[PDB]
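> As a plain string of letters, each chain reads:
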Amino acid sequence: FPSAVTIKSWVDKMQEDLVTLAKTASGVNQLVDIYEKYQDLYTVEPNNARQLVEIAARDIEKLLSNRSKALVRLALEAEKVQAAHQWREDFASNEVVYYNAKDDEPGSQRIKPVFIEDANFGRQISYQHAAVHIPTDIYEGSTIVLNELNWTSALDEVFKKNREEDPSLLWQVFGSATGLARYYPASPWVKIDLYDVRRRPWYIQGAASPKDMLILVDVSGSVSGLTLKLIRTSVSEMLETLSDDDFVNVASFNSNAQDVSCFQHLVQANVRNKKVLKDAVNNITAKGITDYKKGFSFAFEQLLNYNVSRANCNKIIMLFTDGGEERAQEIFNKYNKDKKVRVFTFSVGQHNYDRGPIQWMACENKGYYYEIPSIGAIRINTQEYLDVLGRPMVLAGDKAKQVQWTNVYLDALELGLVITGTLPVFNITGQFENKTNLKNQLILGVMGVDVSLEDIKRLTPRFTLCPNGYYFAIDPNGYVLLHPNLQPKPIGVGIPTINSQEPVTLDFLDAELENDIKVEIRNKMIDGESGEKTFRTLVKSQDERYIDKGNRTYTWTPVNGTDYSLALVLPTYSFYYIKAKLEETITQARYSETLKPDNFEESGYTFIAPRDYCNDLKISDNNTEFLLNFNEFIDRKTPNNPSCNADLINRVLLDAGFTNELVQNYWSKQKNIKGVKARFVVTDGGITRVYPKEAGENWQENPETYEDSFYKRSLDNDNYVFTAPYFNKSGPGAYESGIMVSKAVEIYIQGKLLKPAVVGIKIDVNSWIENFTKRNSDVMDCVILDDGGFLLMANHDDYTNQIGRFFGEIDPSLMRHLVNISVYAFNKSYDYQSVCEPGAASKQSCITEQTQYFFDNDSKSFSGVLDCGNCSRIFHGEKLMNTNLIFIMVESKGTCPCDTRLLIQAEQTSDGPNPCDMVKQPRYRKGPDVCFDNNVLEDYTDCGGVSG
Amino acid sequence: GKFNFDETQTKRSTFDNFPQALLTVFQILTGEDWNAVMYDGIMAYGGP
Amino acid sequence: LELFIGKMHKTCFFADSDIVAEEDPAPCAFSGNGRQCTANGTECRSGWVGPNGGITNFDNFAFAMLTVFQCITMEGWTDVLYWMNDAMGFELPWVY
Amino acid sequence: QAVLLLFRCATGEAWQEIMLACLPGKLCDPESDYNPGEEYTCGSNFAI
Ligand SMILES: *[C@@H]1O[C@H](CO)[C@@H](O[C@@H]2O[C@H](CO)[C@@H](O[C@@H]3O[C@H](CO)[C@@H](O[C@@H]4O[C@H](CO)[C@@H](O)[C@H](O)[C@H]4NC(C)=O)[C@H](O)[C@H]3NC(C)=O)[C@H](O)[C@H]2NC(C)=O)[C@H](O)[C@H]1NC(C)=O
Ligand SMILES: *[C@@H]1O[C@H](CO)[C@@H](O[C@@H]2O[C@H](CO)[C@@H](O[C@@H]3O[C@H](CO)[C@@H](O)[C@H](O)[C@H]3NC(C)=O)[C@H](O)[C@H]2NC(C)=O)[C@H](O)[C@H]1NC(C)=O
Ligand SMILES: *[C@@H]1O[C@H](CO)[C@@H](O[C@@H]2O[C@H](CO)[C@@H](O)[C@H](O)[C@H]2NC(C)=O)[C@H](O)[C@H]1NC(C)=O
Ligand SMILES: *[C@@H]1O[C@H](CO)[C@@H](O[C@@H]2O[C@H](CO)[C@@H](O)[C@H](O)[C@H]2NC(C)=O)[C@H](O)[C@H]1NC(C)=O
Ligand SMILES: *[C@@H]1O[C@H](CO)[C@@H](O[C@@H]2O[C@H](CO)[C@@H](O)[C@H](O)[C@H]2NC(C)=O)[C@H](O)[C@H]1NC(C)=O
Ligand SMILES: *[C@@H]1O[C@H](CO)[C@@H](O)[C@H](O)[C@H]1NC(C)=O
Ligand SMILES: [Ca+2]
Ligand SMILES: [Ca+2]
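Chains as they are written, first to last, in the deposited numbering: chain A, 27 to 130, 139 to 224, 232 to 540, 553 to 827, 843 to 909, 970 to 1076; chain B, 674 to 721; chain C, 290 to 385; chain D, 1394 to 1441.
Source of the hints: derived by calculation from the structure; they are not laboratory data. Backbone N, C-alpha and C define an ideal beta-carbon position, used for all residues, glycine too. One or more hints might be untrue.
What the hints assert, rightly or not - A partial selection of chain B residues facing chain A, derived with a Cβ cut-off under 10 Å:
1. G674
2. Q682
3. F688
4. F691
5. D713
Produce the entire structure from the sequences given, and follow the hints as far as they go.
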């Protein structure tokens, strides 16, 4: 059995045949010389993290203050215009004119628009008027609707006025409390249509305040049958009217009150918790007798907890019963004598039981009474409780006219991830002489204006930062308004099983890897205090395959106007960047000559990053034609750059020649090398090149350099990086592509570190194998692995066929045992935005758990004994010097015919984490400081059952 | 209180209280759709 | 019992599913003689429970006696006749 | 089939339902030689 000395000696001759080849074929030292040879075509500039955040935060504040002025202008006019309405009841003669959307009329006349297609808008829109959306379950032409369609016609002038001042304005919509929504600009509405403006997340937050809701469900015997099905559906539809700022819990009672789920107290009612409550509600049975005294005492006790995090706001109890005889007068006097809790009572089902006590409990406690006799009445009755909650808000006056911003959600008109402003509109008719005050305690509606996140991304440029640097903003709840990992997909819960209304609320600790320091940083941004911190963490790569440890510098400041906090993740070696300063014409024209598509025969195949170089230039998302447009534009235009930035073009043009000089001076000397298949260079400017043009068809990497997985991993590692190919016929990558190597160039201009590009070569697997023979033995096993346990080449003629595959899926016995020796650490994370094929009860959103592996200890000489049971298999492991590779040699599997369960490193569809215990120690959060409830002037003299 | 097994509709010819039971017995006595009431009573105790 | 036993057990579901096509199901032909369910996508096979949930059928002596007693009182005899017209052929059930 | 329908009505099974189904506003089968364009014509008030 070979000793450790001879194995290290054989390894020393192994990496020296790879490092030297990569150091010479790629020309990493030649590119360093080229950058340092000139030192005058560009200039190094400081990248102060503190300056950037205070500047980017101000720009976001100004953008969100331009939108607030548009809401105040709209809300003020609607209150003024509505007060001058007459409420006529005959529209046959003087019909109202409007454009009803979702169409191809007793008292209305339609409008046929022109609908020119527009940029920054996925649909055909018209700015001449405003469209109107009337839900299917509401009949247009009723007296209420037509009256609302007349006085709202004065908003179209204000719609045009706002768009004149700020042409980059998205949908402006007025959500009427009567159901109809009028939005601008007019665009046709997008199966049946179930849209209702009053149930939208942006409407609900402006119609009321956060609430400490609690639901009482009658599960006594008399509710068995149809009326239990209605009760379960009504509870489910009522949970859909709660947001992340509202706290809910569901309890039942049948001769004994108990919780229906695992929570036992109020929870945040986010997307994950509502899914648990809905499952618990949908699994209840009716049995026993009714006791209202016992049920209400339980409800009042959970609203007095105060050990747990709540909203400290509207406290409401909703009773889902059918009928009864007990009034529970003693319970109400004992618990709420001062009417601090509102009680909303529902009479669900078709029955003839006594509704007297149910109606009495409602208005004796500042509540309201609702009837749900059929399925069609569920949706309209579970959303009408926001009129009662909005009574104290209208009595506040101007103190309640504050602009709020929702969570990130997918737009209902196919626009992407957006956020919406919000401002309620009051009914102030007859308020001049102050005598009516009868129906003047209900809001007219809610105004909203959309701010796309792509608009936010334009205010935080990232091209002067390294590919490892980025911006991110955090909501007071903790969710990320802006983040690289945030994707335009709904966040999933559980596992889909079959026999986009919810917001995309991604927590900060879920977007990236969780850490003890990052928890403290997250808390410091929530409570709005600026600061900075540098520290060392381990960073997941672009793909879920590798983890590398690096240094980062988190700088955060709060946005003054809003409640958001903006942070900048600027790594080391990124505080300085190259600023191109070229002014001479012929020295700029020659650089552009290399980008001609017909010049690839001597400069190599060339890609260019589809950045927003100039406004009239348009991206094509394929780069087959984008390169044609780019180089036929710069010549077909004056070099003064009249309407587009020279900074983003001077970088790409200067880097065009810096890589160009490498090809002829060093790469062209070696036309072909024995062990090298392709040579590539990727540059911060946004260009990549491949010298062998016939091998340029195998470049599947994204043209945008900032999104390249290998680029970001190479900057962090001081040594060379080996990237394993994909498996299971994931395109051509097995033998015709090769093994990728990378090494980021490092330059020192004036003692400052810069990493402007990465260079590498594709190692030929066929020639690499010949370095082991210089084979297929049944006595000993030899494999090579990278940082992450992926096979790169072997000597068994079956291992090499399964190339680029995780070691745990081909030899779990040694792989599982290796982790115990602490050679390979690992971290498990959940991906809340991922689609997977549903299991037995298309694709649906689901949570997938990802794991990655990395080197744990810095020591290289590893040895041990693998005891699979009733036998043994000695092994020795050596890590290649100055390379992320590890060489491990073990006795062949023929001696020990054992095979444990394979250790899979892939996206495992999991339902975790369990939320029954996250509520016990919830993440820190800060609630809204506004609270509009319990106004003494509130009327609440209408029970709701007196008129029903 | 045993005809609550459909969960999709409410039956009118039941035995929930005395007037309704009396009406149901009268209807069976006249022989009009007594088979429907018999089927409901059979399903109320399991099934076929 | 002798003439027709277990023949009202074949309605038309959808394509490779356990969900019946129409909300008022009626049996198909037993051997290509009775009603044929011809819709957009519909093939009919066994496994159905029965017309009245399994209460009205002739696949047992108790079931046959109950069905005969129901028919002898002139209450719902046409329903059974039509169900047998759908399931079995068209010429025998009217005589019975 | 007409005689069977009359026997069913004599038994009194759903005779009023057929009577309602025989009112004028009924669709005609696409086999009678009716005037093109109009097909909801067969049926008469004689049914009652
Ligand atoms: C803002 O608040 C003002 C008041 O503060 C409110 O204006 C009031 O509107 C109502 C109609 O909704 C007017 O009522 C008048 O008198 C009776 C009673 O409502 C109506 O007669 C019937 O009323 C029932 C009520 O449900 C209705 O269903 C029915 O269709 C009516 N007609 C019948 C049965 O034939 C009158 O029709 C109605 N109008 C008249 C007499 O012209 C109040 O008089 C209005 N108050 C004031 C001071 O003008 C206004 O709607 C609120 N804003 C919004 C957007 O709702
Ligand atoms: C609610 O509906 C009402 C019925 O149409 C509207 O009231 C009508 O508005 C018309 C448009 O201005 C008026 O016509 C002209 O109005 C101007 C303004 O003072 C004047 O030139 C004349 O009064 C009039 N010209 C004529 C009649 O030749 C109607 O007079 C007016 N009243 C009616 C038709 O009874 C309301 O405007 C509408 N509410 C809103 C907010 O638009
Ligand atoms: C938000 O506003 C606060 C105060 O209004 C700003 O705080 C300033 O902080 C600097 C140093 O950090 C001080 O020199 C100033 O005197 C402070 N301002 C005031 C008015 O005292 C903060 O900079 C603002 N943030 C942004 C992003 O604009
Ligand atoms: C938290 O709620 C508990 C009951 O749910 C309150 O009662 C106390 O519970 C803790 C836990 O053992 C102990 O202090 C005593 O057993 C209880 N009484 C007192 C007077 O503490 C408790 O008061 C609530 N608040 C806190 C801070 O525990
Ligand atoms: C991610 O992986 C790291 C590295 O394996 C783990 O953190 C280690 O935790 C143990 C105790 O639980 C400590 O002894 C180690 O020092 C930690 N490693 C460090 C700090 O590098 C853990 O599995 C994950 N880290 C988390 C969840 O924070
Ligand atoms: C909009 O915001 C910008 C800053 O982002 C500000 O300069 C401008 O005055 C605002 N208003 C308009 C109409 O552009
Ligand atoms: Ca009861
Ligand atoms: Ca009858």
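> Look at each hint and say if it fits the structure.
Comparing the hints with the structure gives:
1. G674: holds, 8 Å
2. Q682: holds, 7 Å
3. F688: At about 14 Å, which exceeds the 10 Å cut-off, the nearest Cβ of chain A leaves the hint on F688/B violated.
4. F691: Where the cut-off is 10 Å and the nearest Cβ of chain A is about 13 Å from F691/B, the hint is violated.
5. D713: violated, 13 Å
In summary, the structure is inconsistent with hints 3, 4 and 5 from the numbered list given earlier, while agreeing with the others.
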